[PDB]
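Number of protein chains: 2
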Amino acid sequence: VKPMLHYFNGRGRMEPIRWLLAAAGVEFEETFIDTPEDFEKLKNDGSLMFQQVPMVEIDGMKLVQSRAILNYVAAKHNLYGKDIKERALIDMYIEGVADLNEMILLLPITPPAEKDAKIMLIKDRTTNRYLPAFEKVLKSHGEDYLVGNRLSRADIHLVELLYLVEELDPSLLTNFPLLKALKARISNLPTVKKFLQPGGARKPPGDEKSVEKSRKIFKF
Amino acid sequence: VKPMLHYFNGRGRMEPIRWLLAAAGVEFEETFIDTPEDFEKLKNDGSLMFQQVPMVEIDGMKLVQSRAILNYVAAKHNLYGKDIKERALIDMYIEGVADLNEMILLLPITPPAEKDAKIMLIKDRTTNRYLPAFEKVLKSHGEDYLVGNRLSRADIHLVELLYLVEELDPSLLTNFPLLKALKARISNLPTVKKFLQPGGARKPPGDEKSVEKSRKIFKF
Ligand SMILES: N[C@@H](CCC(=O)N[C@@H](CS)C(=O)NCC(=O)O)C(=O)O
Ligand SMILES: N[C@@H](CCC(=O)N[C@@H](CS)C(=O)NCC(=O)O)C(=O)O
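So the sequence lines, in the order shown, correspond to chains B and A.
Under the deposited numbering, the first residue of the first sequence is numbered 3, with each subsequent residue one higher.
Under the deposited numbering, the first residue of the second sequence is numbered 3, with each subsequent residue one higher.
Just so you know, the hints here were simulated from the structure itself, not pulled from any lab data.
Hints may contain errors.
Which copy? The list can't say, so a pair holds if one copy fits it or any two copies do.
[Stated by the list, open to error] Distance condition first, Cα-Cα at most 27 angstroms in a straight line; then the derived DSSO-like pairs of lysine-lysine:
(1) 215 <-> 205
(2) 120 <-> 221
(3) 84 <-> 195
(4) 84 <-> 4
(5) 43 <-> 125
(6) 218 <-> 120
Go ahead and model the full structure; you've got the sequences and the hints to work with.
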C-alpha cells in the first residue's frame, strides 16, 4: 500500500517528506487539509499523537513528527548510510540543512518590521555558514555524493534547500560551483526528475493568500 | 578515550547529551566555554562544521548538531530500539519531547512583558498536549518503558523533561501518575542515580547572571 500524506496543499513541513519519498521512487497519495474542519477531523480521529501534522500513514503506523517520518523512510529505502559512522555525518549535515530551512520556512510569518533584517540574516548564514560548509565537504573528497560516495538523504535534503536558496536570490549560489553541480546531478536522477517535472508531486511556493488560508486552519 | 563535551557550563542544548551518555554508563569529560575567546578558539580550530556548539569529540569525530550526537550515542549503546519500527516510535516520542523542551529552553530569553503568556502556553501544552500523549503510551501497554518493553533514549529524554516540568510547577505532574512512576523508576537506574546525586554531571537551572554570561558569548 502507498503511504498517505496528510498536510495543507503547500510545501511547509511536509515538502522534505515528498522529496525523500519521490527520490526513493515511492508512489504516495495526499489528503489535503483545505478547511479547519479537515484538521479537526484528524484530531477527533485520534490520528495525531500531538494534535499536529505532518502525519504519514505508512506500514500500519500513523507517524507524526517530520524527523521521525524522514528517519523511517530514509532507513527503509537505504538512504541513511551503510553504518552509524555514515549516519553521524548524514545527521550532522541534514541538521544544518534543517536550521537554514527553518529560517526560510518562517519568513512569510515574520513580523513585518524585521522581515528585511531576517532576509539579510538568511543570506549572511547562507553565504558565510551553511553553503561554505557543504561546499568544503564536496571539495574534501571530490566525490559525486556528500557521504559514502553513495546517494543518501543528505544529497536530497541539501538539493531541496539549494532550490529554495535559488528562489530567494540566485546570486547566493554564484560562489558555490560544487553545490550547483550536485543540484544538477541530483535533479537528473530518474526519480527526482519525475518529481520536479510538470505534474510531479513537488509543491509551488506559497502566496499572500495560501499563507492566509494556512494561518486560519493552523493558527499562526 | 572518554568523549569530550564542548559547551557553556550550563544545561542548554548539551543537557540531553549529558543525560543520555550518563544513562548509558559512559564516563565523559567537559571543556567549558567560559569566555568569548574560548568559543573563538573552537571556530578558529575548524572544530565546528557550522561555527556552533554543542560539539562532542567521540570515536575520532568532532560531531556537531545535538540530534546527530544523540542519534550516534543512542545507536552505539543500544538505546535506539531493536528495529526501524521501534526507532519510528522512539523518534516520534522524543520529537514531541523536543518541541516542549524548546519552549522551556527559550523561557529565560523571552521578553519580560510576554513571559507570563509564554508560561501559560507552556503549561497549557504540558497538561493538554504532551503529558496526556505520553501517559496514554504507558496506559496502552502497562509496561515499565515507553518502547519495546526495554530501556530506550525515549525514557531518558522524557524523564529529563518531567524534571524540567516539575521545576516549572510540580502541580503539572499531578494528573499523570504513570509518568511520575516512570520518573521514579528511571531516576533509580544505577547510572541515572549517580548522574542525579551530588557530584554528578547534571547541570543546575540557570540564573539571571548565567543567562547574561551565555548571551554575550553566543549572541542570543
Ligand atoms: N515538530 C513538528 C512540528 C509540527 C507542527 O508544528 N505542526 C503544525 C503544522 S506544520 C500544526 O499542526 N500546527 C497546529 C498546532 O500546533 O496545534 C514536526 O516537525 O512534525
Ligand atoms: N541545531 C543546533 C543548534 C546549535 C546552536 O544554536 N548553537 C548555539 C549554542 S546552543 C551557538 O553555537 N550559537 C552561536 C552562533 O549561532 O553563532 C543543535 O541542535 O545543535
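(request) Measure nothing new, just compare the shortest in-copy and cross-copy C-alpha distances for residue 43 and residue 125 to 27 angstroms and report within, between, both or neither. (result) between (40 angstroms within a copy, 25 angstroms between copies)
(request) Check residue 84 against residue 4 for me: Cα-Cα at most 27 angstroms, and say if that holds within a copy, between copies, both or neither. (result) both (25 angstroms within a copy, 25 angstroms between copies)
(request) Please work out whether the CA atoms of residue 120 and residue 221 approach to 27 angstroms or closer within one copy, between two copies, in both situations, or in neither? (result) Both: 22 angstroms inside a copy, 15 angstroms across copies.
(request) First find the shortest C-alpha distance between residue 218 and residue 120 inside one copy, then the shortest across copies, and answer within, between, both or neither for a cut-off of 27 angstroms. (result) both (23 angstroms within a copy, 21 angstroms between copies)
(request) Up to 27 angstroms between alpha-carbons, please classify residue 215 paired with residue 205: within, between, both or neither. (result) So residue 215 and residue 205 pass the 27 angstroms test inside one copy only (16 angstroms; across, 44 angstroms).
(message) As a check of your reading, is residue 84 near residue 195 (CA-CA no more than 27 angstroms) within one copy, between copies, both or neither?
(response) within (25 angstroms within a copy, 35 angstroms between copies)
Hint check: no violations occur; every hint is consistent with the structure.
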